[PDB]
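Protein chains: 2
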Amino acid sequence: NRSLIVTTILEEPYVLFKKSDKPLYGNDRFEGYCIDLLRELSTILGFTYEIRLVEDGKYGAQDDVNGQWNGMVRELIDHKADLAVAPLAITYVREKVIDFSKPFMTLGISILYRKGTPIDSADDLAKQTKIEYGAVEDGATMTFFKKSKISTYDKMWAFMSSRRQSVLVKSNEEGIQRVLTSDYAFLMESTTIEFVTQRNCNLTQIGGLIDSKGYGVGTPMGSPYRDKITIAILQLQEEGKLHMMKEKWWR
Amino acid sequence: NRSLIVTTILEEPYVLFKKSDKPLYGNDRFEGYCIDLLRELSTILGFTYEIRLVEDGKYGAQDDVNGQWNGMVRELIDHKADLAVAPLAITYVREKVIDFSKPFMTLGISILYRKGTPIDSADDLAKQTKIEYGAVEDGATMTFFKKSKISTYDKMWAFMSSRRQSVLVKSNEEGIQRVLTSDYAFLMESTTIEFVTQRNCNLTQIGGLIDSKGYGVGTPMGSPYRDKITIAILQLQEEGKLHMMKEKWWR
Ligand SMILES: N[C@@H](CCC(=O)O)C(=O)O
Ligand SMILES: N[C@@H](CCC(=O)O)C(=O)O
Numbered sequence: 003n004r005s006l007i008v009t010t011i012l013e014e015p016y017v018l019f020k021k022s023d024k025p026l027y028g029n030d031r032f033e034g035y036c037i038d039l040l041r042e043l044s045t046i047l048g049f050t051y052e053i054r055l056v057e058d059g060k061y062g063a064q065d066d067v068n069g070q071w072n073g074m075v076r077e078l079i080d081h082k083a084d085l086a087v088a089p090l091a092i093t094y095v096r097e098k099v100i101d102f103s104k105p106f107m108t109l110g111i112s113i114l115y116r117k118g119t120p121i122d123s124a125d126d127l128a129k130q131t132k133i134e135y136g137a138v139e140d141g142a143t144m145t146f147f148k149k150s151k152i153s154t155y156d157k158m159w160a161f162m163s164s165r166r167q168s169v170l171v172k173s174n175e176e177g178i179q180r181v182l183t184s185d186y187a188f189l190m191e192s193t194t195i196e197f198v199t200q201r202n203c204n205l206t207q208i209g210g211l212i213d214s215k216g217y218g219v220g221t222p223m224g225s226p227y228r229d230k231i232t233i234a235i236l237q238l239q240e241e242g243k244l245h246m247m248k249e250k251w252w253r
Numbered sequence: 003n004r005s006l007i008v009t010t011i012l013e014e015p016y017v018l019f020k021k022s023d024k025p026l027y028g029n030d031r032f033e034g035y036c037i038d039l040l041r042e043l044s045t046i047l048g049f050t051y052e053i054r055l056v057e058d059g060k061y062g063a064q065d066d067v068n069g070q071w072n073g074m075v076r077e078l079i080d081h082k083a084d085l086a087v088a089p090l091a092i093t094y095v096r097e098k099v100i101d102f103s104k105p106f107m108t109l110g111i112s113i114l115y116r117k118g119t120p121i122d123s124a125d126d127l128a129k130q131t132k133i134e135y136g137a138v139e140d141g142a143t144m145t146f147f148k149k150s151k152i153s154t155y156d157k158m159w160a161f162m163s164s165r166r167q168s169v170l171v172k173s174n175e176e177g178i179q180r181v182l183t184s185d186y187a188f189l190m191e192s193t194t195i196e197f198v199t200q201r202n203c204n205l206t207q208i209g210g211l212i213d214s215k216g217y218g219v220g221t222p223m224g225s226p227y228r229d230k231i232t233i234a235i236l237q238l239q240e241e242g243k244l245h246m247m248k249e250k251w252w253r
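Going down the list, the protein sequences come from chains A and B.
First residue of the first sequence? That's 3 in PDB author numbering, and the numbers climb one at a time after it.
First residue of the second sequence? That's 3 in PDB author numbering, and the numbers climb one at a time after it.
Because the hints were derived from the structure by calculation, they are not lab data.
All the given hints hold, so there is nothing to weed out.
It does not matter which identical chain is used: a pair holds within one copy or between any two.
Only pairs whose alpha carbons sit at most 27 Å apart, straight line, appear in this in silico DSSO-like list of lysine-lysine:
no.	residue 1	residue 2
1	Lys157	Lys104
2	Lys250	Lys104
3	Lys243	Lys117
4	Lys98	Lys151
5	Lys248	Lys117
The whole structure should be built from the sequences, with the hints applied where relevant.
Written out as structure tokens, the structure is:
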């Protein structure tokens, strides 16, 4: 049984490079919530693996022109990876091209901004054009706005799209920095906002959740590993290990 | 200027009877997040007040037979109170009969159950008839299910409705006890689940948020106080006082 190739993406505290004085090798080079999850999956299901960072640095979205996918989603479609273990949102459009396990974490889209301001909701941001706002390019949040039919979200996308290169960023980290250095509000996932606000007393979530979704392990469509992984995840959930993992990495 | 009559309801940690070795009088007889909020409103807007407990002990729903409202909603409609300061959900159906200030807290409907079970979502509950589940009678959660057109929620309401007397309860506290003593799952608001799971290590939230809403101060339709209260709440939110109040009562 050859090792499985697992694609992922850098994103604290799910996946990060492990720091050490002595040279690190193999799977020990990475750490995080998803790295701990992957380890548990491997021993419960009996497989060895190698971690690969998604080459184009993206989560995954479909191209308007050629309709092709990119990111981790595309790597799965082309069989360049056996699994995708990262904070990968389970979405209807993605389910048309790849398979997902049951979710290992639930969350929703929300807003990150500085505290001490009069902005209290997405409506407050959408009714003005002075304060800029955006999201991670080629990710699930950007896609949510791009496909939304809800007036407020639809005009917010018209805004983002018209200033795409200035307001859509390559990573959550870039988005956080943009919030701390300019009149900018960032649309990101609640679980990540929780982590961020706990470490930056000047930041806060604005309003509640704009939607509801979950993170799941991705596999190429038809993979025999998808149902096995769901079994492993449910077991970890039931015994309280996923809760323990969240507490460990979020604190 | 006569003092305002403020209706509310017993619900920890928003409203509870204050304990003391010595006799308590007037507004000092109560305490909680909503009691602190009410005090702040009174000094910012300049009014005196008296706290009243909703007489029929309900939040508010429309009667299936005669369409009449009950609970705090009805006390506002009948002008038995000037304001309703409690964890009162801002809903479309309620907005048709009373007015609400902007939200002072955001939340969503979710599931409370024992940990260590294979139940992981509302779907896991809806696909079986053994484990019973319910909600607070005449509250926003019940109304959400009664009016939902979403298949899963629609079949869950059919279930609750068909066993109404056995599964709907008079209070969140009754629901919590039902969960701790029988094979029962309880549909309640996330902010309350947060408080409960923090004090009962054997309980946990199941799945994510089923919907998104907020709590606001209610007033009789057309009341000149509604816009004034919104101004007060936004001020408290911006200065971080609402955040401080949440941390104080949830810990
Ligand atoms: N977690 C998202 C990326 C970040 C975001 O869209 O907020 C995804 O799976 O695409
Ligand atoms: N907060 C709810 C009551 C509790 C519930 O419905 O879960 C209301 O305002 O009706």
